Structures are given as C-alpha cells and as structure tokens.
Amino acid sequence: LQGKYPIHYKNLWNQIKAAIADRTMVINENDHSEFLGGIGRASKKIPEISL
Amino acid sequence: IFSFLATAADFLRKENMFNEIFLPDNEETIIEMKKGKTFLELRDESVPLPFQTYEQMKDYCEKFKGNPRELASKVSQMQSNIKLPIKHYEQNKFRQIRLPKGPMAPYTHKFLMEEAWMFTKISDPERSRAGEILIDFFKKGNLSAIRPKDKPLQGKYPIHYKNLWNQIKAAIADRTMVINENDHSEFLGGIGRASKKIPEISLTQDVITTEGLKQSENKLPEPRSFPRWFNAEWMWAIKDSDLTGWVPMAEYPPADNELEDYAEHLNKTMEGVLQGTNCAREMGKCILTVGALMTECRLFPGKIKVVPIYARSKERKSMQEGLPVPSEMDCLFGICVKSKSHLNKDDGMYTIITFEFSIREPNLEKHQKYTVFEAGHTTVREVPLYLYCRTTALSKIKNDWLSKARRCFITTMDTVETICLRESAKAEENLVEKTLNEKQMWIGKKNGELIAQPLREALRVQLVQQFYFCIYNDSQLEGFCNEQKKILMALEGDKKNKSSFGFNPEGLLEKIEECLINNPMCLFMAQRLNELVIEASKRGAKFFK
Amino acid sequence: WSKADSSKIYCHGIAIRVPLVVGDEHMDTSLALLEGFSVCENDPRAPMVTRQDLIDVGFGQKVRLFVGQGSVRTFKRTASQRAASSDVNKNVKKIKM
Amino acid sequence: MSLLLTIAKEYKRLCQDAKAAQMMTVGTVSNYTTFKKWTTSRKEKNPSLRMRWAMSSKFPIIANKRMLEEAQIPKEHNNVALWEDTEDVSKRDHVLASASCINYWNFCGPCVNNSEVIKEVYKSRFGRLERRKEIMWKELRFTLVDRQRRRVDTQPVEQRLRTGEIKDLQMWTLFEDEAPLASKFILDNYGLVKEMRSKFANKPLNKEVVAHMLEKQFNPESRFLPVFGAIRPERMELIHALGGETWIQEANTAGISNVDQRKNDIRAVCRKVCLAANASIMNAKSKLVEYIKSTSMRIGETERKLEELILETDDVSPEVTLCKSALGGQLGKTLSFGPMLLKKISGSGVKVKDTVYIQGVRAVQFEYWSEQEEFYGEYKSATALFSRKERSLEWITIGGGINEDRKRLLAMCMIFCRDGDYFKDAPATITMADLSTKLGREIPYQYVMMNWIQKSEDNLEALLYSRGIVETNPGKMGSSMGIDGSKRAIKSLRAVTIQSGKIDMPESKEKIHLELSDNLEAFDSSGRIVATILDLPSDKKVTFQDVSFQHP
Amino acid sequence: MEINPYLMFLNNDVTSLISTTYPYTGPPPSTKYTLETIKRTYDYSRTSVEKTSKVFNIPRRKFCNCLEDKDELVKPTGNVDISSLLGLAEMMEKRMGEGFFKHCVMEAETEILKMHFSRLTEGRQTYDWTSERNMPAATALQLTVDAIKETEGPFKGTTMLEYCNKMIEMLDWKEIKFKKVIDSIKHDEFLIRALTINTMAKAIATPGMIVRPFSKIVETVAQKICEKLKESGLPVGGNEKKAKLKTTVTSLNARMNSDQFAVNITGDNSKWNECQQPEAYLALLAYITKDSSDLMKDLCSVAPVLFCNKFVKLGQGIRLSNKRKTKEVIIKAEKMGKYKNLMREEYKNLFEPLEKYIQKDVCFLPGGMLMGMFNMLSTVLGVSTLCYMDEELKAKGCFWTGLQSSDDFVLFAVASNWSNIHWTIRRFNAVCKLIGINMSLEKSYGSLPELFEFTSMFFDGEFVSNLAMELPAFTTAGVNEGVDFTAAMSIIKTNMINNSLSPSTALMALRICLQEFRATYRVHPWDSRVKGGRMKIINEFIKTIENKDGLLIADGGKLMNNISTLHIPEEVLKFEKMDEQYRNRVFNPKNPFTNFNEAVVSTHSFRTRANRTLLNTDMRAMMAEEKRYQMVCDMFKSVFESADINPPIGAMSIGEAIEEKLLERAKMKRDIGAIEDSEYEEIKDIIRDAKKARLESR
Amino acid sequence: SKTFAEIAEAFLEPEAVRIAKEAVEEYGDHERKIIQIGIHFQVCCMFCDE
RNA sequence: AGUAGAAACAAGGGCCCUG
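Chains as they are written, first to last, in PDB author numbering: chain A, 305 to 355; chain B, 153 to 532, 543 to 707; chain C, 676 to 772; chain D, 1 to 552; chain E, 1 to 29, 35 to 186, 211 to 231, 242 to 635, 653 to 754; chain F, 2 to 51.
Hints in this document: simulated from the structure, not taken from any laboratory.
The C-beta atom is built at its ideal place from N, Cα and C for all residues, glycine as well.
Possibly wrong hints are sitting among the right ones.
[Unchecked claim] Once the Cα atoms are required to be at most 20 angstroms apart in a straight line, the calculated DMTMM-like pairs of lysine to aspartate or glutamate come out as: (1) E:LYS482 to B:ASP394; (2) D:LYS263 to A:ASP335; (3) E:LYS723 to C:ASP731; (4) B:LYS166 to D:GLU176; (5) D:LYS199 to D:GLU221; (6) D:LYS203 to E:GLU619; (7) B:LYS301 to B:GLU640; (8) B:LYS420 to B:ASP196; (9) B:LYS469 to B:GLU544; (10) E:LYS629 to D:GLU120; (11) D:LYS194 to C:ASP680; (12) D:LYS380 to D:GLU303; (13) D:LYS19 to E:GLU682.
[Stated by the list, open to error] Derived, one-sided and incomplete: chain D residues facing chain A with beta-carbon distance under 10 angstroms: (14) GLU130; (15) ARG131; (16) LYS133; (17) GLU134; (18) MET136; (19) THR143; (20) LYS199; (21) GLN217; (22) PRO220; (23) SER222; (24) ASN252; (25) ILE256; (26) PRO537; (27) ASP539; (28) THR543.
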C-alpha cells in the first residue's frame, strides 16, 4: 500500500515462517537482515598510511 | 475413445500431421515421390563421366570402401606437381609500396575547412530557422558589399557564377528563396543535359552511320600523386576555434551509482576537449547544412532553392570578470543551392552549388575544383576577400550519413577508454587521470625526431581520422583499409619475434597499389605506412629499403 | 479453502482436488463445469446451445456445441475420464506373461 | 446489434462474388493463415533513411477516420495541419495525418476511466524496476575479471511453461467463446487461469498485445553469455551494469525474487523419492512413478504437481535426470559422475572388461572404454578439459581457481578413466564388505574407489601420487600442479597442465532419449551410464514446507 | 611537422587499436561481371570433355573426374575426384561414430513431412517464372498456386511433400496457364523458366520458386549435420565460436610434444562458389542416404541435378552512345548477338566463346555454385579436409586441425621441424585441391601461436571486439517512436555484455541516439526555444502538465535513463510521475494511430504511409486479388478475435464457421441482449440466403 | 521433438510408443507409423477398461 | 558542367500528377 522496500520484508517474513516451522528461532542465511540494517551505513575503510 | 480421439486430432492438426501421410488407410500405405519422365531423363544426364546411369552411381556409392594406399598415392602425386611456395618474411622482405605518379590530388570535400571565412551574429531564439537566419545576416549590410570582379583569379565558367550570386542576393531581398530557370542556372544545374532514350526498333544501319554509335568507352579514373597539403589541414584541424559548443549534444541524465558518475566525468572531460576544435566546427556545419538541404529537397523539388551554409556555436567562458553568462552565436560560412532533387530512386544524384568566403590566396594544385572571385574587402582592420564557388553533387546516402558524422565521438571514446581501463586494471587502481595526463602517444616526426604528446591531445588526431573516414569514404579506401591489415599483423609478428610467413606477398602489394587512385586519404595513409615501416626497421626486421 | 483457488480442499495440510462438475457463487464461471461434460457419438437431433447455458443442462443429456474454430461436436454431461496410464500399464504387463 | 447486421450483410456480399465463394467453400479454416501472408507484403532495405525521409512530409501517419470525427479532432487547431481527407491506397479505410496529432490527442483528447491495467500487462518490466530499486550499489573497482561463456537464463519467471500449454492460457483468459476443447493443463491449473482471467475481464484493451505480453511473461530468456560470480536470474538481467572484462560494480542482490530455493526444494524432494523407492528390488521403477504422481508442492499461491514441474525444469543434475527418465521426458546431453559434471566433446569406445584383485587373489571385473575421448568437466569453482585413451589419461588442462577443488576434480577424473595401477591391483585397505551388496546390489570398482577417496584425504593423496611425479622443467613451472594444488613447484604431477581462466562451457541443443534399468541405471541408447543412485548424498533430514505427499 | 597517426602501433598493441582502421563510419558503395564469372567457371574446370544433352541439345562440359591441364595447379581448379571425397566422408563417419548420418537425415525427415508449404514466404526475393522479375516470396507463391488452379484444379495440398510432387508433375505437363493482363506456354519454355536463376547486386543469386523447397530440404539435412560437428562455426555466432577456438587452443597446447611446435594459418579460400560442383554434392548426398528411407533418397537428389542444369540470366545488356554522349541507346541481353560488331574488343572476345551455351537472355551453366545457395554443404565438405589423417603424417609426427566456416578458415599445424611444417601444409593443400577447394596465397598468412583472425575477430591473449561491426547498429531503426529508443538501448546493452563496450561509450552513444531521435521525429525539449509544428502545440498545452519529469521524450520530455536502466523502457520509469490526464490519454486503446519487440504500446506506435510509385504503373490487377484475400481475412478476424495469434484449426470451411458463429451470437443476444425477434429473424434469413447463394454459385 | 517418437510421447503414453516401435522394427516398415499404431493400441487398452 | 565507379544518375509517368 505504501512502502519502499517490500521484497526484503516479505522474504524475511517467509524466512521467519520457515524457521519457526523448523522449531528453531534461528535464521541461517544472512542476506535480507544485513541489507535492511546496512542501508544506514556500510562501506570500506582506507588506512591513513596508504593515503 | 471419442474424447481421446478429439484431443489427438487437435494435437495433430496443430502440427500439420493430420494427413494421409501419417494416418493412411490400409491401401494408401505406399507414399513415394511421383517420379516424372523428364526428371529421370535429366538425372541420367547429370551423372559424372565414368558412370552413365544413376543406378551405377548409386550402386558404386552405397558400397564404397576406403583404400588409404591409393588415396595417399594420389595425395603425394598432387603434392609433388604443385610445389607450394613458403616465404618467411625475415629472408624475403616486404618491398616498399609504390605510389602512382602525376599531379597532386585535389580538394574534394564539399565544404572548405581551413580557408573558409565566416560571419557571426548574436543569437536570436525567436528567429532560429535557416531562411530567417540568412535574412538577419543579409540585413546588417556587410553582406551587401560583395561585388565580385569579372575576371576570376582562376577556374572556368565565371559569368554563370556571378549571375547566380546576384540572383541569390535578389532572392533574399524579396524573401523568397526560389530561383528562376535561366541559361546560367540551366548550365550549372544541367536541367536539360540528360540523354534521351532511343528505341531499337526504330534503328537501322543508316541511323548508325548518321550519328556515331559504339559501346561507351568507359573513362576510368586517372592517377594522382601524393598530396603535400593534407598535413596542413590536419595540423590546423588540431587547434582550437576561439569558440566552443560547435556540435549539438544532448543533456546528461541523473546518477545513482559511482559508475555513472565516472562515466559522466570522463564524458564531460572529453566533450570539453572535443568541442573546441575546428574539425568539430565542420561536424556542426555538416549536420546543420545537410539537415536543411535534406528538408528542402524533400519539400520543394523542382525549385532550385537557396540554402545557407551555417552553424551555431557559443562564445567561450572567461573568468567571472567582464561580461558574464556568455552568449550564443550564429555563423555563416557561406551559401549553398540545390538543383532539382527529384530522387525517384535510392542512391540518387543531385547537383548542388556552393559559394564560400575566404581571405587566402588560392593554390592552383589544391583548389582546382573551385572558381574563386575577389570580392571587395572585409573588416576584422581591412583584408581582401576571395569568393570560392564550387559546383558539387550529393545523394541521399551521403546526406543521411553526414547528418550522422557524430559517430566519431563513440569510436574515439571507446579507443581512449580501452587504453585507460586496460592500463588501470594491470594495477588495480583508478588510473585514468594519470593515464590521460601522462601517457605519451607518438603523433609524428619533426626535425628527424619523434614528436610525442599526451593522450589528451591525441584524441584530436583520432577524431580527425574518424571524421575523414566519414568524409572521403569510397570503394578505394574500403579496399585499402581492408588489405593493409596484413602488413600491420606482420609488424606485430616482428615485434614479438613470431616467425611469420606468407605464400605470395608481391601479389598483395600489387593488389594494394592497384586501389590507390585520386583519393587523397588513401595516398596519404599509404605514404605514412611506408614511413612507419621505415622507422620500425631501425628496431625490427622484415622490411626492405 | 480460498475463493481464489476454489478447486482445492486443505485437510490437515493435504490437498484434495474437487472435480469441476457444478459451479458455486464464488467459483461460478465457464470453467467450473468443464470436467462434467464429455464427447460422445454424434446425434444431430440434440439442440445447439450457448456456452453460458451449459450450466442449465440436465445431467445425462446430450447437446451439440460449437467448439474452438470450425468444429461442431456433441457433448454429454457425464464425467468419463478414467486413468489412461493405469490401464495401458496393466494390459502391457500381461503381454509379458 | 446493427453491427451484427453489418457483418452479415458483408458476408452476403462476399458470398455473392464468385472467387471469394470458392476460396471460402473449399478446404478448412487453416487456409486463413496462408491467406494472411499473400497480403500486405512489402519491406524496405534501409528503414532508417526511409523513416527520416518520410517524417519531413506534411502527413506521415495513416490513421482511422471515424474515431477522429467521434473524438472531435479538427484538421487544424491553430494554423497547424493535422490531416486531410484522403484514402490510403493499400488499406482503403484510413486517412493520412501528421504526428502532431498525437500530441494534441495526448493533451486534450479522450480520457479513459483508469490506466492502471498497464501495470498488469507488463508485469515483467515493473518487476524489473521494483527489483532494481532494492539494489544497494557499493563501489566500482578495476581488475581483470575472469569470465566463463555459459548458457544461462536472463528473466526471473514463476511457473515456467511450454509453448503448447501457454497457447491455451491466452485463449482461456481472453477469448473463451472461441476456446478449444478443454486440455489436461487447464483442468489441472485452474487457479492460474482464474487469477489471470479476473484482471483482464470486462476491460477495454487490445487483446493481442496482452496475449503477446503473457507469452513473454512465461518465457525464460536463455542466452549463451560470458559470466562472472554467482548465477542468478536477478543478476543476469542487468549484468551489463555489474562488471566487464576490466571493471566491477560491486552490489548486493541476494534478497530479490528468490528463485533458487524452489529449485533446491525440488531437487531435495527428488532425492528423497529416489532414496525411498530403492527398497523394492523387483519393482523400484513402478514404485517411483507412483510416488512421483501422488505428490505435489506449492509455488507462490498455486499448488502444482511434481511431475509437471520436473518436466518444465532444466536442472541438469543426477537426481532430476533419473526422474525425468522414468516419466519419459527427454533431457540434455549431460553426464555426471558423483558431485561432478561432464560433457563429451568427441570420441567413441566400447566396453572391455579387466580384472582387479581386491586382496591377495580376489578377481573383480570392471569395464573400461577403448578409444580417445575428450571431456569437459566441472567441479565446484573449478573446470577442466581432459582426454582419455585406452584406459589411460592422456592429458588434463585445468583452469579453476581453488586448490582443494582442483585436487578433487583431478581425482574424480582419474577415476572416471580408470587410469593408474590401483585399478590393476586394488588398494590393500578396501575390503569385500564394501566392494558390493550394501543392500544386495553390486557396486562397480570405480564407485568403490570414489567412496574410498571421499572417506579419507590420505587415500586421495595416495591416488594422486599414483600418477607419476616429475621435476618441473624450466618455464613450465607456471603450468604445473603439485600435490597441494600449487600454481608452481619444483616437482609436479605428470601431464597436469594448469592455466588461469575458466574453460568455456561447450553447448549443444540436442535431446537424447534414455531409459533406466531395474537398478536405476540410466542407459542412453548406448552403454554409457549417464546417472545412477550411487552418486547422491547418503541421507539427511529435512522439514519440507507447503508440500503434499498424499501416499500411505 | 609531419603528423603520422600510425606511430601508435610502434609502442602499442596492434589489436587494441585495429578498430581505428575500419572505415565503418561512412557510407558504403550488370552483365560483364556475370560473363567473367561464366568464363572463370568454364576455365577452372581444367578438362575439355564435352557431352551433348538430348533434352536441351547443348554441349555439356563435365566438371568431375576428368582432370587435365595440370599446369600451374596453384591457381583455382574446379575438378573433383569423387574417390577422395568419399574417403574423407568415410573418415568423418568413422570419427563421429557408426551410423552418424542416419540420425541426421531422420531428424530432417521429421520436419520435411509435417512442414507447411507456406514457410517458403519467409525467404529472400525469389525470381518469378511468369513476369520474369524478382519478387518477394509470398507473391510468387500465390502466383504459382493461381497458375496451378487455373491449369487443372485447385491445389488441395497443404504440405511440403505434396507441393514437391506437384512441381514434379508440373514439369511433365505440356501446357501451363497463368494469370496476366492469361498467356499459355509450352513445356520447354516453362522447363527453362523454372531452372533460371536471376541475380541481385546487393552479387547474390535468386533461384526460382520450383527449386526452393528441395534447397530447403538439403539445407535442413546439412544443418542438422553441421550442428553436431565441433570443427565448424557457421550455424553458431558470436560467443560460441570464440569458446570453440579457445578450447581448441587449450587442447593443442596440451597434446603437442615438447619437441613439437604449433603454427597457425589464417586462410581465406578463393572462388569458393565458382569451384564447388553440385555433382560431387549429388554423389555425397547419395552416399549419406544409403541406409535411410527410400523417400529421402529421391527428394534430396533433385536440387543437385536442378542446379547442375541451371541457366543464368544476363541483365540489362549493353548501352550504346555517341561521341558527345547527347543521345543514348539501351539494349537488352537478348539482342546482344545482333550487335556483336558494336562492342569493344574485350567484350567481343569474352562473349564469343559462350555464344554456343547462351540461350535467349540466359547462359546454360552445367555446374558451379552461386552465393548463398549451399553455404552449409560446402562447410561440411571443407570440414572433411581437416579430419584427414594417414600413416605418413603419424610416422613423421605431424598433425593438422582447424576450424572452418564458409570460405574462411583457420589452421593449426603441428610438427617437430620446419621442413616438416612446410610438407604438412603442402599435403593439406593437395587434399583440398583434390575436391576443388582451393586456397588464396595473398590474403592467407600464418604465424607462430596466438596471432590469427577469423571472421573479423582478431585473436591474441584477449579478443579485441571489433566495435566497428556493431557501429551501424547504433541507429534509429525507423519503426515508430516507442520502438526506436528501446531497441537502441537494448542494442547498447548487448554490445556492452558481449563486445565489452565501455560504460562511457555507452552513455555517449545513448546521448547520440536521443538527439538523432529528437531530430528525426521533429521533436525537441519543452524548455528549448525551437519553433515548428509539434513544439508550438506542446508549448500551447504545456502549462497543464503539473509534473515535468514524467513527460515523454516525444512529448517534450527529459532523459531519465542510464547505464543501470537500459533494460527498462522510459514509459515504465516515468509512470508514477506522469499526470493522470496525460497518462490515460496516451494509453487509451481507442487510438486511430496505434497499430501492432520489447516495447510498450502507446499512441506513438504508428504505421508509416504507403508508397505510391505503383499508383502510375499498371500493377493493379494484383491489388484486386490481394484485396479479396484482405477482405476475407478481415471479417474472419472480425468474428474470431483470436485468429492471428492462435492458428485456426478444424474441419469446417471458413464460410460454415462464420455462418454458425454468427447465428449463435445472434441467439445469445436475443436471449438477453438488445435485439428483437424481427431483427433476429432478419439476420437468420440473411444468413440462409447468403449460404444458398454461396453454395449455388460454385 | 526432432524425431517422431517425441511427438507421439507428447500425448501418447511412452509404453505404447515403445510397443509400436518394436512392432515397426519387426515388420521393417518406416517409423513414421509409430503415430498410428500407438493410437491403435491405446484404444484397445482403454477399450478393455479392466 | 558535375558525381562516382569498374555502371548508373544528370526526373519519371500519363497540358496534369509522384518520391
């Protein structure tokens, strides 16, 4: 209805259902959560000595 | 059963297999090609020699067995009566290409580049059309001063040109760019010099005697020697034009990722370098003038229209000091006209005529085509004038392609970024600016030494190469540039100690020297190829002096 | 079940296909009856009806009908679509005894 | 209505003629297709030049007449020509016009109630845009990318179908009054037909356009392309903006339109059924077919039968190949040998038995081909192009990127060709208990050696040692492989070249029928064993979601 | 200074700049040519043995197994030794496997039988045997089926086999009728007119409709064969052949011994078509079809004999003129014999030897091949040579492999010494001379490994994308407004993926395409100051547009597309921002202009005006037949809205389907819809009357 | 779909295909008849109906 | 006059039309 990143949320929802079905609260694959957490900031870092 | 059969019939009818062929009855179970009497009569006649009936050929072929002893014997007997030559270049060197002999190749491009003198006027957005621009330029009164003298400096058919120039000026004053059909226009435009077809049924030996009748004695082109003036045009075309924005380019779209920003920065740098040259001024002049002439020949055929030879540009940007926000400018290199462009068929033919200004004395050898006319004086102080009046010809295809000369940007950019990305990858770091600023590219010789300049200034050389390929393209240049690759591959083989070889190079050189005729570009490029192989012989082999 | 896919029944996560012999208020359409009908020996006496009127025909009643393009057939509203694979397999196995 | 009467009067006029009557009367309707070609036949050599030449003209667009009158589109809005009464020579029912008219129509013409239907028509392209909006671009770098030329798919698609099945979908979603007799597919998959039907019913649309777009919707565009990195349809659709031979635009695209988890689940289910149906020695094949038929799985919203999914899929994997064989599906010319891939470029051969003594004197027969035979191979992140000759490995050229994978590929390849002394004189460790009849079925020697190498690394090192070791001559140091898969060494395996850059995958659009034995050994019209049950993971436990094993 | 641009080749790789030479940035550029071809063809056949036909009574030079004049064999010879050719075929069969050719001819027969006889319309221009002119395939097919119908009776056939048997029967017929502004012709004139092959200077051949289907059959079998072979690259394109070459090179560098050393040879065969003989093809097709169904044996054999009896048409004749060139006479090929005196000495010398073969406006040529006819069968014949292997080479430790496509090959020779390399190459040349296949000595060259060329693709460690080859592709096709920009962007995407086109070059080409598009369709941006037709009204109604971003490029838009959005048409990216009025108006299916390819359908998807030169020419009689078929198709589509997409199928004729469907629709709309019993009865009566008239008339 | 057997397998069950193929081989007639003979056999089976 | 190539154009059809 009103959203910016639908696919990641819907895939994470299916992942939650599939994990709960497995009787374990864990999530092995780390692709969606990583993205949705990294939109704020994620990047490389260059040493000052290599500058 | 009936449902299955219905489905089956649908799936057969779909594939075109619902016929007697696949679903015959008991009787119609023998399908065979309906062998006709004539087809057999022919097949029994096309058989190889030793056989005389298709039956024998089929019986001999269906049971054919391999006898490698005889096959090898025949192969060796053919390998002995041939003696295929093999020629390692290192021992048998490439003699220098021979160029023809005679007078210098003459200028052939429609629009003068170096000599042409132009008039500028402040841009008016409202009046942006061709005829309107010509009217605005004519009204100031500088144009109305021109008054050519009767005697031209050189050339032929002067009176016709003078009359047509006067008629053009009269046309603009009336604001109607339509010329009447008079003797001068007729002769220059060849309105009526088209041979009238004669029927054969109306022919007789008497008619043949009355007027000579023999198969047309095709007058193939004549040979012309290397042009000594091409280098000057190149060097001049590699300099700035005191303006920019010569050719029209579109806008740059938004960006989201680093890749687009890099592409847009490189494109901006190259476009800035390439918009200031003189060759690009010719790119603009061709695009605009041919667009206008195309849209006149399409609309007003049967009317010997007047079209200007113009372009639009923008004065450079100085510092914030002085007048800010630089303005635009309309330039008027000359004027053109187009005789009737009744292009009934593709790749037609339509004579045009070109008047163009100049401030330079005409060479006899170079400017053979033109018929100059001294035309008063011009301010800058005062300077003499010279009115270069040509009578060229064009077609549909040349029009469409010239209006697409903007292609050169793509090729040059690809080569430059093919060198820069390759150099940057070997080091796994952004090395583009350093490559552009530093990498030296040999571009000639001076005083027996090898000149060199960064890539940033050899983009101009590449651009001129691609533009001239667009301009002088012909069958000769095609064949040449297709047959010179072998020599370059041999050069590479020499550089890497790869013992290349060949079967008959002399024939290759002959083929090449056959396709060098009366086209300045070919001849110039061949002379350069010889100087190249010479300069490389100092550090390489496989070439004779 | 769901109104989207009206041809499935989920009993303890087991899919039970319902045959398409009679429409329902949600599922009602031309498709929900297709299985019921079948082809039979041509009879020119039976009437020629519209596709929509198929819903109203009596069970075990013959009717002629235009099908696809350039095909006039005869349909009888009795479902006769037995498994073809089973019969062929069984008969072919007998040939090996 | 009156239009119906007009159609009938037109038909009457047509039948009053003589020639039209003949052509309508004779033959069937298919002739229409033929007639559809003899008309409107005209092409152009250089379209660009023709279009540019035409556009200069005052009126370069033919157009309808009655629609313009109805829409109150005048000839001139304001001293601008738009059209003039005339008839196009060919159509005889159209009037010349100009392009400007479109702009006028666009800015003040007739407006429809809603145009959101386009989002359904081109669902593929809107999906492309939605996927592209979720890509977090990281950073352009520069380096010589290693690209392998391989066949891939460049369109993420759900419920991929064949041309035959799709054709009914168009007819049964748009033109129901002219639908053909109900097919098996339409009856089976009625939720999809209903879902498509609802969106495009009682709508003003050009029906042909929608049908063509659904055709493209259900077609996974397969292309033979250079590739780098993972292989996922989500990337291949924009690979052009991810990297070339000299540059790489890093980007994380893992969580968009996951299409790999369903392929993985299908293969897992096929493995499970193949391992279940090995209990019945006499009638394993029939049990397998019954097991496949009485099973289904959910795809998105719909539930599909496993048998159809297996036919549609293109997973060239030993699990699926056997199942496709049992159902009768034709499949690609792709062999397998354990968790390895193979492709025969050339050669031939014929079976020839030879003895192997397992311990002291215990003869065990094993068959070996007898001819030169080139073979592409593919293990994880490694590839090869080996060749064999009369029970000897002539050469192997590897172009991988890992040492472990390289060693495993070399070992499985050596086993493939039954080279080495061990095949002549079996290793001391292997015993008759493991030789054969784990569950009453004989296991040939090669698979015994394969299990041996998997069991322990030391056996693998011994096997590689079996291949002669020589001293790395000068220059060839780079094209050499030690025991630890070194790029170069002082001593290296005999005739084991090494290079950089993956070996380009061959290609062939061929379909070979292949049967299967009572022991699930897939023959392919010749001796070759394309696949078997002794090249699958031993066993594992999984909890399958949204699946239906409706069998006791 | 003396500027020289080649100096960059002194210190830079030659491949990475070879693109600079290709002049693909500019415009590219009878009977004498045909006569020279005839002369060279009769010369290459070195023999002088001549038979005499009975059907034609024309001396027939025999170009197979009669080799003589073994002087200067280096030059092109067109004589063939069937024994060697068959031996090479045996070697290829042995390598591939047992019964290799039977599976192939089976895979062809699986298609030739079910093939519809309408697939001949999708072909190049084909000579017409009624008007004696080149014409699109469809019109020629319709003309010959109308001739059949006029002669004996309507063509009931619907498949290829029936069509071929009907052509074979047509050869027997004494007389053949055909429509014209309705002449009749005896058997001999149609026999000559069927075989006649015209030419087009695009040169290239134009075979008659009669031969076309058999040619398709033979090409089908040859294709099914070639696809299997790993030493060919004709069916494949682009990446595939690069991968082939790379795998071949790896195989080579592994197989060769340390003492041995490889070589390469870029070869460019000469006179490919002139030296190929269809009689060797006939024998070869006989050998291939030795076990397969008797049906394919006859069908395949036809096209070789037809080509072995082919005539060749001379076109436009000579032109006469006076000195001043004021007047000018035109003369056709038929009249050349009369004015033999009035021609240059060279033309007379060339013409006089062929007069015996020459027939009115044709030259009977008992053999030879022409361009484009049998590309894949020559590829097979040439791949045969690469396979060859004998005891002598293996004794000396020498072996040659390679990759050939049509008239262009690559050779990879291996040996232990140069004295043996030369001998190996000479042996290859000999075996190729034994079957006509020659080799050019000037355009062909060789070198040590890693420096060859194959089909405009130069090879080194890398493979320099030509780029020039794909430069013409960066042009507006000129279909419509929507198609052009999307197609250009897709072309850029493909060139980016395969030819490793750079991103900045892609952006520059995209901008060039957008500006040429703006110029061609007389469009320009809204903010510009340009005046004209479209722009004026755009400015008039621009104020209404609230959101400028969504504006389409044709309707005063702006560029919202880049490297990362080349796989998405603009209509999609701009959809959200577009105003509702403009959006609904643009995409309203009730469009006069819109006529129906990865593109969106908008009002812009128009069709162009039709040519009018025919308006003066009396080419109208055909327009009547075309209009008849057009009307029938039009109203069948009017009833059935899925007639084009999904091929019709059934047992009813068109009339019966229309009759029944119309009656059923009328009943459905009288049941509920707005129709009265009077109207329904009127419609039904009309249908009954029309049916009765249709049946009664014919 | 390059050979007739695939076209028959499109609708006919593969068993009847194999049967008609063996039968054609025994007679020695063209394999083009795999389509008709298979149909003839399937009717018979579905005639039986157990 | 001119173009370009190894031949064609330098309007063509009926006082009227057309690419």
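Outcome of the hint check:
Restraint check: the Cα-Cα separation between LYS482 (chain E) and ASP394 (chain B) comes to about 48 angstroms, which exceeds 20 angstroms; the hinted pair is violated. Taking the CA atoms of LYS263 (chain D) and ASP335 (chain A), the gap is near 19 angstroms; set against the 20 angstroms cutoff, the hint holds. Using a Cα cut-off of 20 angstroms, the hinted pair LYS723 (chain E) and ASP731 (chain C) holds, with the two alpha carbons roughly 16 angstroms apart. For the given pair, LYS166 (chain B) sits about 19 angstroms from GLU176 (chain D) by alpha-carbon distance, which is consistent with the 20 angstroms threshold.
The suggested pairing of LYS199 (chain D) with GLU221 (chain D) is violated, with an alpha-carbon distance near 25 angstroms, which exceeds 20 angstroms. For the given pair, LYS203 (chain D) sits about 18 angstroms from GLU619 (chain E) by alpha-carbon distance, which is consistent with the 20 angstroms threshold. Using a Cα cut-off of 20 angstroms, the hinted pair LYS301 (chain B) and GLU640 (chain B) is violated, with the two alpha carbons roughly 43 angstroms apart. Distance restraint check for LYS420 (chain B) and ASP196 (chain B): the Cα-Cα separation of roughly 73 angstroms exceeds the 20 angstroms cut-off, and the hinted pair is therefore not satisfied.
For the hint linking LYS469 (chain B) to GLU544 (chain B), the alpha-carbon distance of about 28 angstroms lies beyond 20 angstroms, and the restraint is violated. Simply put, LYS629 (chain E) and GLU120 (chain D) have alpha-carbon atoms about 19 angstroms apart, close enough for the 20 angstroms limit, and the pair holds. Between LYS194 (chain D) and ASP680 (chain C) the CA atoms are separated by roughly 8 angstroms; this keeps the pair inside 20 angstroms, and the hint holds. Restraint check for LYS380 (chain D) and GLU303 (chain D): the C-alpha separation of about 33 angstroms exceeds 20 angstroms, so the hint is violated.
Proposed proximity of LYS19 (chain D) and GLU682 (chain E) is supported: the alpha carbons are some 12 angstroms apart, at most 20 angstroms. Hint status for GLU130 (chain D): holds, given a least beta-carbon distance of 7 angstroms to chain A, under 10 angstroms. For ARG131 (chain D), the shortest C-beta to C-beta distance to chain A is roughly 7 angstroms, which falls under 10 angstroms, so the interface hint holds. For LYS133 (chain D), the interface hint holds, since its Cβ comes within 10 angstroms of a Cβ in chain A; the closest pair sits about 8 angstroms apart.
Among the interface hints, the one on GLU134 (chain D) holds; its C-beta lies about 6 angstroms from the nearest C-beta in chain A, closer than the 10 angstroms criterion. Interface hint at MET136 (chain D): satisfied, since its Cβ lies 6 angstroms from the closest Cβ of chain A, which is below the 10 angstroms cut-off. With 10 angstroms as the threshold, the beta carbon of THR143 (chain D) stays out of range of chain A, its nearest partner Cβ sitting at about 15 angstroms, so the hint is violated. Residue-level restraint check for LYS199 (chain D) is violated (minimum Cβ-Cβ distance to chain A is 19 angstroms; threshold 10 angstroms).
Interface restraint check: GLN217 (chain D) against chain A, minimum CB-CB distance 18 angstroms, threshold 10 angstroms, status violated. Annotation: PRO220 (chain D) was flagged as interfacial toward chain A, and the flag is violated, the nearest CB pair being 20 angstroms apart, outside 10 angstroms. With a cut of 10 angstroms, the hint placing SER222 (chain D) at the interface with chain A is violated, because the nearest CB-to-CB distance is about 24 angstroms. The beta carbon of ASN252 (chain D) comes within 6 angstroms of a beta carbon in chain A, closer than 10 angstroms, and the hint placing it at the interface holds.
About 6 angstroms separates the beta-carbon of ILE256 (chain D) from the nearest beta-carbon of chain A, less than 10 angstroms, and the hint is met. Below 10 angstroms, beta-carbon pairs count as interface contacts, and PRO537 (chain D) has none with chain A, the closest being about 18 angstroms; its hint is therefore violated. The restraint placing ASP539 (chain D) at the interface with chain A is violated, with a minimum CB-CB distance near 18 angstroms, outside the 10 angstroms limit. About 6 angstroms separates the beta-carbon of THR543 (chain D) from the nearest beta-carbon of chain A, less than 10 angstroms, and the hint is met.
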